[PDB]
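Protein chains: 10
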Amino acid sequence: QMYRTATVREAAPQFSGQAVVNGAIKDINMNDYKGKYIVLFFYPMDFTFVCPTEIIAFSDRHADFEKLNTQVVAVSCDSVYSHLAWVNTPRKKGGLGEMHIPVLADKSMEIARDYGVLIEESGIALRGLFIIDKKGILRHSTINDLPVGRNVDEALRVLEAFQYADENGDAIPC
Amino acid sequence: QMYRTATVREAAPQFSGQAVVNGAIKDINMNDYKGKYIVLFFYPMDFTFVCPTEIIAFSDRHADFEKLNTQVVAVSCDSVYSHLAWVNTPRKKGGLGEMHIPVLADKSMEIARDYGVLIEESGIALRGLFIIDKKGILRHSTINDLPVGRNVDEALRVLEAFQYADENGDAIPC
Amino acid sequence: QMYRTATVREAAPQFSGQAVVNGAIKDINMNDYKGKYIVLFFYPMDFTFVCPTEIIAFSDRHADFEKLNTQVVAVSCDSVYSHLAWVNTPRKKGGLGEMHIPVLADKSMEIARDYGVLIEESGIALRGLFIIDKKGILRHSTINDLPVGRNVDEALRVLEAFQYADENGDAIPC
Amino acid sequence: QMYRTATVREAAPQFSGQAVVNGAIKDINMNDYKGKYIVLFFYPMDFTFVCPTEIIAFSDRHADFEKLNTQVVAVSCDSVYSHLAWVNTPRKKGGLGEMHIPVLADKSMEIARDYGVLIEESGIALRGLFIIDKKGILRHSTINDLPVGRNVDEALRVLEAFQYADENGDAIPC
Amino acid sequence: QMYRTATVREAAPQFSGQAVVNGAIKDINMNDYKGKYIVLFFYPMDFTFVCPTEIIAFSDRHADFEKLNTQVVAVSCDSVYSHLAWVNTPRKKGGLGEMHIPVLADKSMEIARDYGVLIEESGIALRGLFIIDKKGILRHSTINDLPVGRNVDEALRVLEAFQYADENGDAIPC
Amino acid sequence: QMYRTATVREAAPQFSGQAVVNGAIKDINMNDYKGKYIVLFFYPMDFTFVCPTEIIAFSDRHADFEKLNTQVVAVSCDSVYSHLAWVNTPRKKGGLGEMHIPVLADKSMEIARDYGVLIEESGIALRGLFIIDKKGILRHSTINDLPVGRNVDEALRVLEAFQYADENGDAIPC
Amino acid sequence: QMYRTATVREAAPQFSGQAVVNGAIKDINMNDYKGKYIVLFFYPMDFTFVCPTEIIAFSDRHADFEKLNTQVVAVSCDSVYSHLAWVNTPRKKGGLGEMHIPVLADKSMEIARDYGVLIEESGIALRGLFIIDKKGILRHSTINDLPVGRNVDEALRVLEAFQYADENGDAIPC
Amino acid sequence: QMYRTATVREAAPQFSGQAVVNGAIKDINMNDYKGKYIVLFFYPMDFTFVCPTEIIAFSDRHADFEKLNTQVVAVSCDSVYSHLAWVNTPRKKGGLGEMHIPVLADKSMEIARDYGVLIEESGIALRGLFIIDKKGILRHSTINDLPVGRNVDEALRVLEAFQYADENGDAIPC
Amino acid sequence: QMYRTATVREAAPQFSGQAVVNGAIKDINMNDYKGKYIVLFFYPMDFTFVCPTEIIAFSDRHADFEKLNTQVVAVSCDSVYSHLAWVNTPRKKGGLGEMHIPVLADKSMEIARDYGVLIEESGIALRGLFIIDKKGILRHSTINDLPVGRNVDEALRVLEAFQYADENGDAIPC
Amino acid sequence: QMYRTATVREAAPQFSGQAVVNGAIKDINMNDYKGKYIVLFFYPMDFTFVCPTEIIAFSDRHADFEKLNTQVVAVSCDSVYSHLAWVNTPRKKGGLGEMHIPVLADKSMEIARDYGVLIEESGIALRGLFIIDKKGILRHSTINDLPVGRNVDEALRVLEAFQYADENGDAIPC
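Respectively, the protein sequence lines represent chains C, D, U, A, R, E, L, Z, G and V. Residues in the first sequence are numbered consecutively from 61, following the working numbering. Residues in the second sequence are numbered consecutively from 61, following the working numbering. Residues in the third sequence are numbered consecutively from 61, following the working numbering. Residues in the fourth sequence are numbered consecutively from 61, following the working numbering. Residues in the fifth sequence are numbered consecutively from 61, following the working numbering. Residues in the sixth sequence are numbered consecutively from 61, following the working numbering. Residues in the seventh sequence are numbered consecutively from 61, following the working numbering. Residues in the eighth sequence are numbered consecutively from 61, following the working numbering. Residues in the ninth sequence are numbered consecutively from 61, following the working numbering. Residues in the tenth sequence are numbered consecutively from 61, following the working numbering.
It is possible that some hints are incorrect.
What the hints assert, rightly or not - Heads up, incomplete: computed chain E residues facing chain R, CB under 7 angstroms, no partners named:
1. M105
2. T108
3. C111
4. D138
5. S139
6. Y141
7. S142
8. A145
9. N148
10. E181
11. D193
12. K194
13. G196
In short, the hints are calculated from the structure, not lab data. By construction, the Cβ of each residue, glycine as well, lies at the ideal position given by its N, Cα and C atoms.
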């Protein structure tokens with residue numbers, strides 16, 4: 061209908077808004093991370109009944125991203141004051157105690173609309189993974205459906221495979 | 061741009077979706093309440109830092125509505141699994157322990173868009189009160205801004221003033 | 061169809077025209093009241109059979125508004141020479157003897173069209189209350205239907221609740 | 061912009077609404093007068109400061125119209141409850157005590173818009189006279205401006221001149 | 061369809077073309093009469109079978125217009141060489157011998173189209189009277205149908221009533 | 061702009077209206093002459109200063125057309141009551157005493173608009189000659205300008221040349 | 061559909077292209093003849109079976125045009141190399157031996173499209189005669205159909221009648 | 061701009077009109093040749109100065125086409141009466157004496173417009189060759205420019221190569 | 061611009077065309093695999109210089125897909141006769157000797173246009189992975205860029221995670 | 061739908077992209093060959109089962125083009141890495157060993173779309189030959205269908221026939 065979303069060859073549309081960094085409502089922009097890579101985790105709903113092992117398995121692996129010159133930016137289309145209550149609720153309660161990831165909140169749904177991972181009649185974002193390299197170009201579009209989950213072992217395989225490639229031109233010999 | 065919103069003379073657009081009734085995700089429709097009146101409380105954000113005295117003061121006064129043949133239907137543009145976590149969190153924590161109101165969730169934002177109480181760039185609903193009489197006609201549009209609050213003493217004054225009037229024709233002599 | 065009306069978050073459209081101030085046809089503009097707040101009372105018809113207790117109960121309470129840095133601006137879509145005949149007709153006749161409120165007249169119906177409180181096929185304005193703060197931003201949209209009435213005790217509660225809030229930032233702690 | 065107004069050769073658009081007949085709010089339609097002629101008096105404002113000799117001089121001459129098979133239908137774009145207060149206010153006060161004319165009220169301004177006698181930015185109707193013969197065809201368009209007045213001696217000359225002509229074909233020999 | 065015609069509140073569209081002044085084809089424009097008033101007599105057809113008492117009764121009364129600072133401008137949608145043959149044909153033959161009025165000819169029908177007095181399928185102008193005051197504003201729209209006639213006693217009453225009013229402001233006290 | 065006018069290969073648009081036949085206002089249609097040919101003489105103005113030798117030279121030659129199975133239909137965009145006054149005015153006065161041609165009058169200018177011989181800003185028809193054969197097909201378009209004239213010797217040469225040809229197929233051997 | 065063709069009051073559209081002058085393919089433009097008049101002879105087809113007496117009767121009369129300050133410009137929608145073969149073929153063979161007329165060729169059919177004498181589905185030009193005076197204004201539109209022919213005695217009568225008139229103003233007294 | 065022309069994979073648009081078959085104006089249609097193949101020779105101009113060896117070299121080779129189940133259909137955008145004069149003019153004069161090919165004439169230029177071989181501003185067809193197989197599908201589009209020529213040795217090579225192929229499926233093994 | 065591509069919640073657009081199954085050009089449709097799942101591997105170019113370990117690592121793992129009720133359908137926007145030459149060329153030459161995957165060919169580029177993995181100015185498909193479940197709903201959109209590669213260990217993790225989930229409702233408890 | 065393709069009279073649209081020159085992926089543009097002529101060979105598919113005698117018969121005849129100041133530019137809508145594998149595969153295998161022609165690759169299909177030789181639903185180019193002279197003007201459009209082939213003996217006949225003609229003006233005398 062418009063916008064054109066975000067392609068895997070062209071530049072990713074920018075994202076901004078309040079976010080939860082280290083337990084606080086701090087404004088987070090895409091331009092704050094220029095020079096690194098950024099990895100978005102759209103995940104649909106807040107406080108969901110599923111023990112959220114998918115999102116925790118990137119806060120537990122956040123040390124693996126600073127080795128690879130990147131910052132994961134988790135994101136959902138729920139209220140930012142609701143994400144702060146979901147970081148602050150302790151685990152074994154459907155909680156995210158001390159999550160070391162900027163959990164964005166596109167409660168405007170202006171951004172998950174842009175990335176094309178929004179179910180419009182449901183308002184929730186499809187479980188999407190988006191790697192933007194430091195040029196500002198979106199480079200990897202992993203969009204799952206709702207019931208399946210993402211993986212950290214593939215989001216580190218592919219994310220390592222760009223910087224091994226883009227240093228060495230654009231061809232991998234082996 | 062379209063829709064036309066909901067007027068105070070014409071029929072209110074219908075609302076539906078998952079909701080929190082008595083601590084459970086139960087589907088709630090406008091057609092389930094035909095014959096009663098319905099009073100919507102748009103309130104912007106979930107788990108907000110303000111001690112939510114505005115919304116609690118209708119669950120504490122829910123007995124005054126069954127005397128007046130009506131059901132209040134609180135509503136916000138946040139996730140329904142986030143409202144369930146906000147009813148379940150106990151009070152003096154920014155909580156709503158045992159709220160006897162169907163707390164809707166228009167996380168699609170298809171309905172607060174219709175009622176014209178949505179701030180589009182913020183995604184949150186303006187603090188709006190909407191009385192629809194049993195014909196399906198919207199009859200009272202109280203829309204505050206964000207920082208001020210609603211009142212139960214006016215939402216019972218006006219809501220009593222319809223049924224005292226619509227029984228006695230359409231004119232009040234005193 | 062156009063105009064877009066007046067929202068509760070955006071700036072209110074201006075109003076102007078002849079009005080009844082202290083029993084005289086004096087031109088009254090929104091820009092004459094910049095710095096104060098303004099409270100509009102749309103009321104549908106002139107010389108109506110109902111003893112107009114709704115409108116009188118703001119002229120009797122006009123001292124409560126100069127304490128709160130605001131001027132109520134009553135308004136109807138009837139002729140300004142008809143409002144002057146309705147202020148001049150004495151009470152217990154359906155009259156408004158010595159009303160200390162600028163009673164506007166949008167007999168063009170260009171303004172109650174803008175505020176969205178006009179019934180187009182009837183020409184009369186819905187019983188609407190509109191609080192614009194001194195920035196020019198509409199901040200409270202109370203629109204009743206015809207047979208019910210407004211209240212002075214809520215239009216002083218909400219109007220006090222802005223200036224207590226907007227002095228103290230935008231959050232109320234209690 | 062649309063409508064096309066009412067021409068002097070084509071059929072006049074119908075008029076309806078509440079009106080003041082003999083001091084009462086009675087519904088008056090054009091179809092109630094089929095077979096007679098109808099003579100409209102648009103006059104701009106209600107309770108105007110001018111001693112309304114223009115409108116009174118047709119209630120004083122209403123016997124001259126039942127001799128000529130016609131009913132004058134005075135009309136203004138003011139509220140019908142305001143016309144009832146203007147018939148009920150006695151003369152030498154800017155009043156119309158016992159006016160034997162159906163004083164219409166197009167407070168919707170849907171009809172004086174159709175007849176093209178409405179000043180849109182002022183909302184008031186130009187001082188217009190409209191003779192529709194019993195076929196439903198508008199036949200005489202006298203539209204003055206505001207400060208000048210109409211006449212009963214011409215609105216009886218022309219109105220007699222139709223029925224003397226339309227009985228005798230369409231040509232007057234002398 | 062366009063043009064918008066000429067209203068009774070707005071400025072009248074200009075008229076020009078060849079005309080019969082004192083028995084000669086002389087060009088006559090609206091701008092030649094600025095400062096006076098102008099009174100148009102649309103009359104439908106030339107050399108009509110009716111003894112044209114309507115048009116003669118303004119040439120016989122042309123002295124009454126120079127007392128009132130105005131020039132009547134008779135006009136028809138027939139050829140200007142046909143009007144000259146109709147002034148030159150003597151009376152008791154359907155003639156207008158020595159008519160002291162500029163008889164215009166809008167044989168283009170560009171002007172009676174503008175004034176809205178043209179029957180398009182017949183090409184003839186409705187019997188219309190139009191008073192434009194010296195500002196260029198059309199101020200009186202008397203449009204009869206074909207078989208009835210105009211009057212000089214009303215076109216002098218109304219035309220005197222402007223200049224008595226516009227000298228004395230815009231209100232007539234008696 | 062529309063209509064498409066009348067071509068010399070396609071069918072001529074029909075013409076109708078009041079006309080002067082033998083000194084009387086009789087309705088004349090194209091369908092009244094089906095089976096004959098018809099020859100139109102558009103001529104611009106009525107009662108023109110030129111001694112109208114162009115039009116008279118077809119009434120003087122009207123016997124030559126009944127030999128050739130055709131009826132000339134003279135036509136102008138002036139009033140039909142003006143043509144009757146121009147047939148009735150005697151010659152050596154710019155007259156047409158006893159003209160044996162149906163002198164049409166398209167005072168609507170709906171037909172000379174169709175044939176494309178109308179000067180729109182002047183309202184007068186170009187001096188046009190139009191031969192329609194009995195199929196209803198326009199077959200000859202002679203359109204002069206204003207100051208030059210037509211001819212009877214060519215309008216009989218060409219008009220004879222159709223029926224000599226259309227009897228003998230469509231080719232002339234000599 | 062567009063273009064607007066060439067009228068008899070407005071300026072004629074220009075014509076250009078290769079032509080046959082004195083047996084040679086020479087470029088001929090309208091601007092080469094400015095100051096003279098130009099007379100076009102559209103004729104439909106080349107090498108037609110009819111002994112082309114219509115076109116020859118202007119080459120035989122070409123001396124009569126240099127007396128009248130004009131150049132006839134014959135024209136057809138056939139190839140210019142086909143016109144050269146039709147001038148070069150001798151007479152009594154359907155030929156035009158030594159034709160002293162610039163025989164144009166609008167084989168583009170861009171010009172007979174402009175003059176409105178083209179039968180589009182047949183591609184051939186209607187037998188048209190067009191007199192443009194030296195101002196560039198088309199002044200005479202004689203368009204026959206196919207089987208009938210033009211005349212030199214009328215194309216000299218009318219062409220003399222312009223210059224006798226346009227020297228002596230625009231009116232012919234006799 | 062429209063039409064879409066004729067492609068080399070899709071069906072060729074039909075062609076019709078008068079043509080020269082064996083020295084006579086006989087109507088020739090595409091549907092008369094259904095079951096054979098058809099080979100069009102657009103050639104630009106008639107009676108051109110070039111000794112037309114290109115077109116003659118298919119009438120001299122017309123026996124080679126009846127061996128290959130096809131009829132060449134030469135075609136030009138000149139008049140059909142001009143082609144008949146060009147077949148009838150003897151050779152060593154730029155002639156085509158006894159040409160055994162149906163020489164079409166699209167003097168309407170409706171068909172060379174369809175095939176896309178028309179130079180619109182020149183009206184002449186580009187030297188085009190078009191092989192339509194018996195299904196009605198255009199199968200070979202050889203379009204030269206003007207000064208170069210076609211060939212019979214390639215228009216027999218390709219035309220043999222279809223029927224050798226379409227008999228043996230659609231693949232040629234050697 | 062249109063199409064709308066293929067979403068991760070809605071139904072995937074169908075794909076068809078010639079393909080390489082077991083070394084032969086066999087037609088392969090989406091409807092041939094209804095009941096299974098289908099996994100597409102868009103890969104950009106044929107015979108690329110990179111030793112194509114990405115595509116081989118699904119033919120080597122094709123036994124793991126028949127255990128999971130699915131058929132991988134590799135696809136590229138190159139010619140199907142070029143894929144057959146790339147399966148037939150042996151390995152250590154940039155070859156795919158005995159690839160047990162239907163290698164599609166959307167050389168029309170109508171399908172990789174639909175799935176949104178086509179670089180339009182380059183014509184090559186982005187390295188995309190697409191899991192459609194047996195309802196026909198696209199369920200997983202992994203789109204890499206060109207230089208990085210896909211993985212079989214994630215395309216088996218996610219593909220197992222649907223059927224473990226869709227058997228057990230839509231929620232995974234652990 | 062747009063583009064307009066490439067005509068045989070107008071300028072050919074430019075072509076660019078990677079190509080196979082002497083066994084290497086070298087960028088080839090139309091502007092690199094300005095001053096020569098260029099001859100394109102669209103051929104549909106790569107590695108086709110037909111022993112490609114059509115394309116080889118221009119690499120075997122490439123010496124005949126440098127005598128005629130031209131460079132053939134073979135082109136197909138297949139991948140450029142697939143053409144390199146098709147030059148490198150030796151003959152009697154469907155190969156093109158040591159082809160001395162720049163084999164272009166419009167794998168974008170932006171150029172065979174422009175030249176109008178693309179079958180859109182098949183993606184393959186029709187077997188087309190295109191001679192552009194050194195002005196940049198397309199001058200010869202030979203488009204065969206798929207199963208038939210081109211010829212070198214005609215693509216040297218026509219290509220010699222331009223430069224013999226364009227040196228000697230534009231007419232060939234013999």
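Hints the structure fails to honour: 3, 9, 11, 12, 13
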